[PDB]
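What follows is one chain in structure tokens, specifically the form deposited in one PDB entry.
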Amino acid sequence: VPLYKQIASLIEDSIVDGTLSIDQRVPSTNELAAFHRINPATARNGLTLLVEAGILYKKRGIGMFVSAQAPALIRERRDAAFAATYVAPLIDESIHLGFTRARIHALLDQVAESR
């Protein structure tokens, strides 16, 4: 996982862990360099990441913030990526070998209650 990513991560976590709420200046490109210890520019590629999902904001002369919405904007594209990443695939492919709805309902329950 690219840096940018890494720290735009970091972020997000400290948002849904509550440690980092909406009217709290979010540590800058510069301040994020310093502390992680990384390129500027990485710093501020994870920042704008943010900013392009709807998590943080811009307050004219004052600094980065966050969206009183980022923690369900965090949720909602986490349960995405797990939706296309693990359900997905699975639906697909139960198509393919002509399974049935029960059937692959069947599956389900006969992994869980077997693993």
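C-alpha atoms forming the largest set that superposes within 1.5 Å between two forms make up the rigid core. Residue numbers count along the first chain shown, from 1. First, how it differs from the form deposited in another entry.
- Relative to the superposed core, residue 13 shifts its CA atom by less than 2 Å between the two forms.
- Once the rigid core is used as the reference frame, the Cα position of residue 82 differs between the two forms by 2 Å or more.
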Given for the second form:
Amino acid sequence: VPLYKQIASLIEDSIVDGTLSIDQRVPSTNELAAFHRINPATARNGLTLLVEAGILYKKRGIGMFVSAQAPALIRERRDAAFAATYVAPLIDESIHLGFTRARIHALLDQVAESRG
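Same protein, different condition: the form deposited in one PDB entry was shown, now please give the form deposited in another entry.
Here we give the lone chain, stripped of any partners or molecules.
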């Protein structure tokens, strides 16, 4: 995976679990390039990705801050991803095999019980 994306994702992890709060200062392009030892240009791409995603915003002369709707946008993108990787395949195969909504729900429940 591209580093600029791993960076962005690492930041997203921290805002998803609360480690980074809304409107809190996030390390700048330079601080990331310094700690992790990557090209300032790749760190800036990471943050730029987030900026355009409405996840971060910049305060002139101060730095980058986490946007107030970032925790929502991110929950959204991760739910969509979860669906695409875990739900879609289940649905397409269920249709293919002619299962009913009730039968899928029952199987879900059965498996859920075997766990615990």
